[PDB]
Amino acid sequence: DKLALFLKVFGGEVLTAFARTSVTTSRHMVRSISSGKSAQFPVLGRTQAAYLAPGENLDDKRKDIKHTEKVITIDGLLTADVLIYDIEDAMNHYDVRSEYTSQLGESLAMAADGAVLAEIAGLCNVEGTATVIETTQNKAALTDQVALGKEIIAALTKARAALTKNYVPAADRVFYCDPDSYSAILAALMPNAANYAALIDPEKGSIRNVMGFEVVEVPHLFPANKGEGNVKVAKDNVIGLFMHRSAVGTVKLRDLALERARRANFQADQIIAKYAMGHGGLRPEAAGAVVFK
Amino acid sequence: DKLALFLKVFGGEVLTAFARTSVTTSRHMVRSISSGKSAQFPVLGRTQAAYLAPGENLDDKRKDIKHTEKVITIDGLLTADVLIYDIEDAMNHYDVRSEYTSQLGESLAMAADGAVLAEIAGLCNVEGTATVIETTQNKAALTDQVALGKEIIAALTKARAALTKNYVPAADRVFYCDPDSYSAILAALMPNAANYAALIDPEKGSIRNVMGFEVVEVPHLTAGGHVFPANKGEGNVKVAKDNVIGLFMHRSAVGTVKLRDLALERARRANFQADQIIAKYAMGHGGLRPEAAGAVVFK
Amino acid sequence: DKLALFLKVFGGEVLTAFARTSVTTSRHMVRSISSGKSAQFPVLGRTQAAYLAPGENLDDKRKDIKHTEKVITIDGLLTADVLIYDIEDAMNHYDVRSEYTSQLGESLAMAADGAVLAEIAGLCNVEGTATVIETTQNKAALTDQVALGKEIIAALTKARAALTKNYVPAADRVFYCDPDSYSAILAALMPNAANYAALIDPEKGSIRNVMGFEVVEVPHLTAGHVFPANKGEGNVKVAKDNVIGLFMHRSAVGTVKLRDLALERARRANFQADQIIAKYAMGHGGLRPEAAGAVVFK
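Chains as they are written, first to last, in our numbering: chain A, 1 to 293; chain B, 1001 to 1299; chain C, 2001 to 2298.
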């Protein structure tokens, strides 16, 4: 009854608290399904429109490609929720519900950050096709803000060149970047220069297309240890990780779901959201980084 | 009758007059209690791995943590007033009636200012834990606009370092600064091109987002809890007052509750020949989970 | 026939797929040829006139006219389509239908834009017609966004020079560039604010004019028709490996097409195949060798 009405309202806030805040909902394909617990999407062998003379209908390059498309399915459930002490939620209004929704949204954003990064990183160090473009000389020679951002741009240019080299389209290609040290990529471009308009963003927190791709910055300074040991893509040794649209995969189950109950052990009230089905899946290309070594 | 009516319009007048010089209403966290003396605020849970591949449940390692609502309550009734000698009454309205509304309101805010300031000063001064940045040069090397405009921005970077690397909901946040500083930074922005009138912000009485954060420059920075060794040059505690301007925060790192709108009334005393007014406010000042705090330093 | 109707609906949705994509869609000559395969556009060489009583003769000046006329022929098909394995159909709605639409669209629009740009950039070497603009410095020392960004304008003074002195309707026109330098422009274009709201026509997907022209940067002029990029010089100074510098204007060029875009498909089963087919006509450059010039680095 009344609890029921109070809920539905809570669920709507949670959905928005997610959609508002994330590194995602973009920068990848997503879809809906019903009791299918799986999914499929095509990758890109690209395509173009050549001069066509009806002495022949080519349908040829399409033979010589031999590139299939790896569908996927949902593995496990990613959601987590919490325990409370009940009384406020009915009635009152602005303070309590509003306070809970934001935290849930933050949690959703963190979850979104966790999965995509992992799928990309763990795709291939494993032997574009692979990744590595590094140079920069092992961080030891240069700790300086000026000494960074120069050598960083060149690596990105090299990566774009490799991409034409390995093809794939170039439009929205990403380059997720670390939370910091891009102060260099700031402090490199324009010295002095308050200037922080121009180089831009509304509606999001990005920067604009320096040497292709774009700039998004996040936490998560995949193997949390291994320096090389075969596979190169790794923990703190690693920066970069530029992937591209539709190189990865996931699905939904439904819009969302949640329910509540009580557990005598911790008493009063327990809210849980069974929702956020999708697990990231990565298709090779793009997906490359720079470490130090 | 007439007097009561005047008082009633009053309350309205100064009510709407409060929020004006008020540095913060929104861009912060608050609640309206019902009869409560107190309240409690969940800092809650944000990191969730959510990898559910069946085993156990939420476990005791998750049971071992704080996450405890720092409860909170009033510090005792917080309100102030000023004595008058009444002539104007229901005549000479608008001007000269407004003078008292004024004299009270900005103060009613004025304490709350340092209050939300006081919590910030308290927050990282005791020995996560968001933090500072230092100089690029000593106080004596601080002279003109050109210099003292820029180093602010130089600080801003590694100021964002804490904002980011420490996670937090990157959406909405505010920076607090002083007119001496406010001047400087904005002077670093546009020495060229006329006047800050060109900045299209002021309708919201604010600063449209600069690099990071948002800008609200302070009037004062001296109230109480100040409770922190403001007076002391250092005495360790480099977080102190009048070393620097660099205090900053983010939303939901503090905030508190209050009681049932705002009311007041008056009465005479006649010990000395007058009739004086008393406002009554609840508020209180809540602390909360540490994050997004610190400063620049002059040393 | 329900599936066919759904396909028709998808085709209708696409149109858009071409629409929002293309840099150059409008802002150029387009004509609808019907049942014929081609067409030709008059250049009208434009001598002035005079007034004459005693001559009563049109002749000499009628010799001096220099009227040239040129045609474009039509190619023969340029279109690009995809293979798919139908599953969801009228289900798995919205999304993943749309996917393929966007996919074939951006590709088609892109190819067309690339082609027009290509026609214009080589457009011209004999051995305003002339007046490409050059350097102001060696691109080596170019560092920041405003470093190369400021000189742009300084060049566009001369661009204005070329836009006028050769006559032409200075009314409406466009400076085609590549997403790399938009910033470089916008920096010294608008260090002041955050006028973007007041800075008009961002919401139409463009930039209100710098001195003359208009500002456009879309998909990486490259790939690559073909103009002699690789050549350092080897005469033909207008080549790539240099810049974004094409100057040209509204009604500089353009051509025709046959009755929008059509489509149909069926099974194949060679490899389990039902794969969609779009069609097109389009065409290419010609048309008033006097439009543009370029910038460069040297």
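Any given hint might turn out to be false.
As the list claims (entries may be wrong) - Here are the simulated DSS-like pairs of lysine-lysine, each with C-alpha atoms no more than 27 Å apart in a straight line:
| id | chain 1 | residue 1 | chain 2 | residue 2 |
| --- | --- | --- | --- | --- |
| 1 | B | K1238 | B | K1008 |
| 2 | B | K1037 | A | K139 |
| 3 | A | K150 | B | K1008 |
| 4 | A | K66 | C | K2298 |
| 5 | A | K204 | B | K1070 |
| 6 | B | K1061 | B | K1037 |
To be verified - Beyond 10 Å from chain C on every Cβ pair, some chain A residues (computed):
| id | residue |
| --- | --- |
| 7 | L3 |
| 8 | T24 |
| 9 | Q40 |
| 10 | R46 |
| 11 | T47 |
| 12 | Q48 |
| 13 | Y85 |
| 14 | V132 |
| 15 | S181 |
| 16 | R208 |
| 17 | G212 |
| 18 | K235 |
| 19 | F292 |
Just so you know, the hints here were simulated from the structure itself, not pulled from any lab data. For each residue, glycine too, the CB sits at the ideal point set by N, CA and C.
Consistency of the hints with the structure:
1. B/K1238 x B/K1008: Measuring from Cα to Cα gives roughly 48 Å; hence the hint is violated.
2. B/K1037 x A/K139: Violated, at roughly 56 Å.
3. A/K150 x B/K1008: violated (66 Å)
4. A/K66 x C/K2298: violated (45 Å)
5. A/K204 x B/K1070: Given that 27 Å is the threshold and the Cα spacing comes to 33 Å, the pair is violated.
6. B/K1061 x B/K1037: violated (34 Å)
7. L3: The assertion about A/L3 holds, with a minimum of 34 Å to chain C.
8. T24: Nearest chain C Cβ is 16 Å from A/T24, so the label holds.
9. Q40: Since the minimum Cβ distance to chain C is about 7 Å, A/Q40 lies within 10 Å and the statement is violated.
10. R46: Given that some Cβ of chain C is not farther than 10 Å from that of A/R46, nearest at about 8 Å, it is violated.
11. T47: Not fine: 5 Å to the nearest Cβ puts A/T47 too close to chain C.
12. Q48: violated (5 Å)
13. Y85: Check passes; 41 Å lies beyond 10 Å.
14. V132: holds (24 Å)
15. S181: holds (19 Å)
16. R208: violated (6 Å)
17. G212: violated (8 Å)
18. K235: holds (33 Å)
19. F292: Holds, since 25 Å exceeds 10 Å.
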